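Using the sequences provided together with the hints, build the complete structure.
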Amino acid sequence: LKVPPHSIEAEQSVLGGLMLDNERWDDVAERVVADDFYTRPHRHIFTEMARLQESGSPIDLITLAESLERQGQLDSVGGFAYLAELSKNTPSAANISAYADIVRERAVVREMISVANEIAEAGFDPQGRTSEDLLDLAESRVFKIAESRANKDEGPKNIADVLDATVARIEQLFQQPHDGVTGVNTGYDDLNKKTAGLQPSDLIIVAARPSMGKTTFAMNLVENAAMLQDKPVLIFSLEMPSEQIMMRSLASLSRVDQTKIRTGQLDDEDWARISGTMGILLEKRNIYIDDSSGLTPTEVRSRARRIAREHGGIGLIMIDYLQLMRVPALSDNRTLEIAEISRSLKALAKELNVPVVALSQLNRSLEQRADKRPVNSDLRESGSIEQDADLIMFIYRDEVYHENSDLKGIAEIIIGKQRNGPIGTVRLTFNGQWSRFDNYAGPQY
Amino acid sequence: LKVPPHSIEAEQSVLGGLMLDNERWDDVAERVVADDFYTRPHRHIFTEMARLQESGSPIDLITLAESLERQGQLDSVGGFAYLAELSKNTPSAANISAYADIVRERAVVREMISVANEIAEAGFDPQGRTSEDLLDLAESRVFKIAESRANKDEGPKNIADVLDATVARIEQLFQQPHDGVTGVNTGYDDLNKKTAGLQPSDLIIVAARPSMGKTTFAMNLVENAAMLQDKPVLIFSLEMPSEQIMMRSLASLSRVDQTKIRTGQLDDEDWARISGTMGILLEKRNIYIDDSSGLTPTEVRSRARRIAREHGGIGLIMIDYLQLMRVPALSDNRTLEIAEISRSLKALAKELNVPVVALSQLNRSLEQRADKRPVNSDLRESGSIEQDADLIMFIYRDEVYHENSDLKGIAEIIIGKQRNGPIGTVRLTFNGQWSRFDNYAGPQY
Amino acid sequence: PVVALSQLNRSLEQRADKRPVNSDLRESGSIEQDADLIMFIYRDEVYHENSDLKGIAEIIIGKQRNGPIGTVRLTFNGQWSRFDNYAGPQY
Amino acid sequence: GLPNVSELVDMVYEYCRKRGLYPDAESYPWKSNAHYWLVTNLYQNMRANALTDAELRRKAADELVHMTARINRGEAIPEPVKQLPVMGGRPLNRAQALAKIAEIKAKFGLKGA
Amino acid sequence: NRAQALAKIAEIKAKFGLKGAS
Ligand SMILES: Nc1ncnc2c1ncn2[C@@H]1O[C@H](COP(=O)(O)OP(=O)(O)O)[C@@H](O)[C@H]1O
Ligand SMILES: Nc1ncnc2c1ncn2[C@@H]1O[C@H](COP(=O)(O)OP(=O)(O)O)[C@@H](O)[C@H]1O
Ligand SMILES: [Mg+2]
Ligand SMILES: [Mg+2]
Numbered sequence: 024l025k026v027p028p029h030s031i032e033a034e035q036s037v038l039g040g041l042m043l044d045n046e047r048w049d050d051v052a053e054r055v056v057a058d059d060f061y062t063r064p065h066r067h068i069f070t071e072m073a074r075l076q077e078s079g080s081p082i083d084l085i086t087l088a089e090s091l092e093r094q095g096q097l098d099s100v101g102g103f104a105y106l107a108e109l110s111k112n113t114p115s116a117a118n119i120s121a122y123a124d125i126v127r128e129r130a131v132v133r134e135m136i137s138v139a140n141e142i143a144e145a146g147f148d149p150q151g152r153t154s155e156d157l158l159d160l161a162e163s164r165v166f167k168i169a170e171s172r173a174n175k176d177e178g179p180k181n182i183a184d185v186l187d188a189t190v191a192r193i194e195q196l197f198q199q200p201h202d203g204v205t206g207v208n209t210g211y212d213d214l215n216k217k218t219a220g221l222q223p224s225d226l227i228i229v230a231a232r233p234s235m236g237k238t239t240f241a242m243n244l245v246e247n248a249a250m251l252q253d254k255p256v257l258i259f260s261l262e263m264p265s266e267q268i269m270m271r272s273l274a275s276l277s278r279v280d281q282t283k284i285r286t287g288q289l290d291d292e293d294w295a296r297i298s299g300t301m302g303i304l305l306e307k308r309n310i311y312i313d314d315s316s317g318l319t320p321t322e323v324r325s326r327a328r329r330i331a332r333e334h335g336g337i338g339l340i341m342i343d344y345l346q347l348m349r350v351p352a353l354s355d356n357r358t359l360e361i362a363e364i365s366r367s368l369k370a371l372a373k374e375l376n377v378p379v380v381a382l383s384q385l386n387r388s389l390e391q392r393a394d395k396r397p398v399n400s401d402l403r404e405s406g407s408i409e410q411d412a413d414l415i416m417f418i419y420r421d422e423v424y425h426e427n428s429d430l431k432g433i434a435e436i437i438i439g440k441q442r443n444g445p446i447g448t449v450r451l452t453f454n455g456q457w458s459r460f461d462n463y464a465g466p467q468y
Numbered sequence: 024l025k026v027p028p029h030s031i032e033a034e035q036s037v038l039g040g041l042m043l044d045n046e047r048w049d050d051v052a053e054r055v056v057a058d059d060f061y062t063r064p065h066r067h068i069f070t071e072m073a074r075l076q077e078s079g080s081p082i083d084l085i086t087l088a089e090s091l092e093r094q095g096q097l098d099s100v101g102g103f104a105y106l107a108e109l110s111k112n113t114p115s116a117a118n119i120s121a122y123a124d125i126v127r128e129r130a131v132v133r134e135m136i137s138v139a140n141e142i143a144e145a146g147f148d149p150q151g152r153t154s155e156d157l158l159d160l161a162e163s164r165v166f167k168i169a170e171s172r173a174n175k176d177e178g179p180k181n182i183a184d185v186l187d188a189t190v191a192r193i194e195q196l197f198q199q200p201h202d203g204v205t206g207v208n209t210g211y212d213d214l215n216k217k218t219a220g221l222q223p224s225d226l227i228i229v230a231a232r233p234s235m236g237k238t239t240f241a242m243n244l245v246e247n248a249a250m251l252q253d254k255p256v257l258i259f260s261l262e263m264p265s266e267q268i269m270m271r272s273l274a275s276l277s278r279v280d281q282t283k284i285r286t287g288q289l290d291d292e293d294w295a296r297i298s299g300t301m302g303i304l305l306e307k308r309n310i311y312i313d314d315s316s317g318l319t320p321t322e323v324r325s326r327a328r329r330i331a332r333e334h335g336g337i338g339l340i341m342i343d344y345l346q347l348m349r350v351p352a353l354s355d356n357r358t359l360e361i362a363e364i365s366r367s368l369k370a371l372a373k374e375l376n377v378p379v380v381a382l383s384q385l386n387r388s389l390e391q392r393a394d395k396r397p398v399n400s401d402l403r404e405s406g407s408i409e410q411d412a413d414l415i416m417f418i419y420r421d422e423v424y425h426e427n428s429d430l431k432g433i434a435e436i437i438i439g440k441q442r443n444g445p446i447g448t449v450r451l452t453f454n455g456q457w458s459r460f461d462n463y464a465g466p467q468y
Numbered sequence: 378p379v380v381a382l383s384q385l386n387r388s389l390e391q392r393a394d395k396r397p398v399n400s401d402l403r404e405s406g407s408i409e410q411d412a413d414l415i416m417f418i419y420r421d422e423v424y425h426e427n428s429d430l431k432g433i434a435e436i437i438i439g440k441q442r443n444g445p446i447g448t449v450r451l452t453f454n455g456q457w458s459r460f461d462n463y464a465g466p467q468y
Numbered sequence: 119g120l121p122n123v124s125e126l127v128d129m130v131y132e133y134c135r136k137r138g139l140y141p142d143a144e145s146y147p148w149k150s151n152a153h154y155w156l157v158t159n160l161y162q163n164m165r166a167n168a169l170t171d172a173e174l175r176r177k178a179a180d181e182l183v184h185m186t187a188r189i190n191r192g193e194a195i196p197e198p199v200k201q202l203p204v205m206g207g208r209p210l211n212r213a214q215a216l217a218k219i220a221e222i223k224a225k226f227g228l229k230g231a
Numbered sequence: 211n212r213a214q215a216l217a218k219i220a221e222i223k224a225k226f227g228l229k230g231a232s
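Protein chains in written order, with UniProt numbering: chain V, 24 to 468; chain C, 24 to 468; chain Y, 378 to 468; chain F, 119 to 231; chain U, 211 to 232.
These aren't lab readings, by the way, just hints derived from the structure by calculation. Note that the Cβ used here is the ideal one computed from N, Cα and C, for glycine as well. A portion of the hints provided could be inaccurate.
Some, not all, of what chain Y presents toward chain C, calculated at C-beta under 8 Å [unchecked claim]:
#1 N399
#2 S400
#3 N443
This is the structure:
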């Protein structure tokens, strides 16, 4: 008979300490939950004490036992005699925090054992499930426990320590120049100055109307990151096959007309440039492309983890685009699906400590305004994305709407939400002949 | 009893089929490894066969038996009796690859079960390990199972593989001269230049107001594809019965006046032309028409798959029109229905690697604007169509709205969204007398 | 053949020309989409007492699945509640 | 001289009808720079605002008045805006392209190609 | 200049920064 690891002594000590000391409840409150107790009477006692504490009522022996008696739940717990025994047995000079931590650890271990048993039972009786589904199920089961225990890292911090850390960070940024770049280099001077690079562990959202160069801009960023670093760069393309992406990349890097490449009308110099580009790419060998359709966040996260494990770090992750992703459990409501996607992306960004650039799209309502430049509210149906995003960039091109625009070949990257810097608009040159973005050499305002 | 997942018959089939046919070894070797087999004798047999294959020797019954006998391991395998049993029961009608994949699947499930049991055992016996260590151990165990697995077809390939695929595609496109046409030939020079043909795995939308010639243009494209190819061309006519479609097709191909055909007032030359057209069609025999109504995307996909299976592929799929399709589960909301239809059509186009041309309709408000040439925003209530379609063409005839038009007989195909190329207008000549579109011979700007 | 009668929207009477068009079938887009033939009846004497087309009705083909569209003139005898072939000259 | 409102509207409509084939607005056979600027501005305004005939005529009259005031005060109209050259000169045959592709394959040793 | 800025940085680190610091 397997014996699950349960510490009845720790739970009894916690209960006795709470009865004999009501000031420590908060310390217990941040270490254990009601479901963490093995026996049903202990869970019921904790729930009643939580209700009393939230109502302002004392949690002494008489009031707790009486409250259980009034609701008729005293008999299930064990009685006033049992409550008095629990109160009296526990010595006053006890550290409730240690016992609470032991109880907290035991619940995690019990959940792990339950998940292992579920996986084994599912394997023995597949009920038509595939091996891939079982592997995904096991990964999800383990990651659920990991996140269940990955919530203690968030809480209040000391004011003086925060101030000292902020001062140290300011000094360090002014100490190590890097010419204004602290994160992953974007390959553009003005964007680097306004962003200090692409900060690791931050979610980046790129949004625009159709035909604005969103995929083009993302690919230019990816190529710049690959050429200016050594860590691998991963691309998730749910909308294009990898061959078209590579053709676009060849047009951008070799500065050859995309139509010529697509139709094959290339001369000797174009072939030489393409050979040079291929040689550089094969010498570097740090770009990975995944053109699978109907991607799920689990597959994206698993592939990112595998790349980081294989190569010891990821320079940048790119997803195009998140409106094509699916969560099967929440297909009924799109807003819940989007929230789950955003949460999973943020968790992946935190876990791998990498910059993640996810592309998004805007509704037609933006085009109902006289000024079509995007704003934050144009992220309707994706509020969780706007909240969880650490950087938000919108792409705008005036020449798209106006033929006679004076800004032909000029694109605007608008920072609608920046976590660690200022917002503003950056103008760049758009060479659609080469399918590329470049630094703007004209006057800046 | 919790017997581990295994299939002795599949292993026996694999070994016997390898004994009877040695040219299949590669297909077995690419799908199974010696550790995937459950019983020790099967692993030993596969190892000996691998060694024989490596040495350059045949792996038939006698060679394998002699090689085993020389090493004294013939009894461990089971004997020449067991080897002959494997030779006898396995037929020569063997799909060894399917059994190898199945064996692979069983091994994966079994290893998952073993890892789950190990994780549970570790959880029940901490041996002084923290819960963090146990969770790390569980993650490591599941990760080793999932680490790269065997899904190289649906995973992020290396930069080398993607670049090689792109270069091979470039060479294939540059190999056969078609004068800039890579997809299905549309039959019109300017449209071929602007679109490079109808690309496989792409979603193509043709839109116009009523009586603009959507059905006419679609049938003209079908006729051109049938005349300029060899693969079957399938039509899903949810609007008209097939008899009327064939009457229109005869009017288009024979250049005979539609009214004369409809009223039966033809002459000898018209009858001769019709006979010639019928002879050409019966010599070709690659056009299939389905004039059912209220088709769901599932039925369309099933019928297209059946046609491709029976006649070795498809060359074009045509749907007229998507407003007549039905999704019973989503009949309450039209937007969700249109989104599902567009997603299913895109999936079908990508799966069968054929161009799919689907006709759509526009809102009435377009007729209230000063200029009635369609734009993307005119696809109101069908934003998912604009989002998912690879190519969008609008048919505009000026004479429909203006009686005093100077462009009588001239129609415009406006590329509202071209995913892999430029956009603009292509002019064609509209002969409503013969129900046909032709190349525009007038001056071009 | 199934012949179903239908109405149009009132706003049609506020236009400069009151002959029906397809867009005049508001609230009934599916009617326009599904109908094989659509015929509108128009009498000019209903709106104008000065009309030179008294006793003359127009059948306007708004949608024809397998043919042309246009206007056909007939004679209207409201005394007998009858429509008859138009015997006048045809342009 | 500058065209009147009616002539300007007619030219704008003709440009709208016939610009579907020209590579760009600057490639249109404009009589003068002022005509190009006025017609293009009216066309873009109509495209972005769905202006009717009367509104188009009013905008044309306003643009003509503004242009006349600008001319009376001087100023020199620059030659459109221009956008890139035409490039060209690709005398490459199939044999040389195939030889280059084979050389690339040999140099990079692509197993799949 | 830069040297004076870094010197003042170190001075402030000594004056207020403690325990963790940088
Ligand atoms: N008998 C005919 N003679 C000449 N033109 C016709 C005839 N029938 C239809 N057409 C032309 O075909 C065009 C489109 O008809 P059709 O394709 O049936 O409708 P839709 O375009 O809505 O599918 C109309 O603009 C009409 O001018
Ligand atoms: N062959 C081409 N020539 C010129 N411009 C092109 C070509 N192909 C694509 N583009 C431009 O690239 C831009 C971005 O296209 P795309 O990436 O498909 O849309 P999105 O940026 O919304 O994903 C479009 O505005 C289009 O004008
Ligand atoms: Mg895209
Ligand atoms: Mg039709």
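These are the hints, each one checked on the structure:
1. Because the closest C-beta pair between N399 (chain Y) and chain C is about 7 Å apart, less than 8 Å, the hint holds.
2. Nearest Cβ of chain C to the Cβ of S400 (chain Y): about 5 Å, under the 8 Å cut. The hint holds.
3. Hint status for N443 (chain Y) relative to chain C: holds, with the closest Cβ pair at about 6 Å, below 8 Å.
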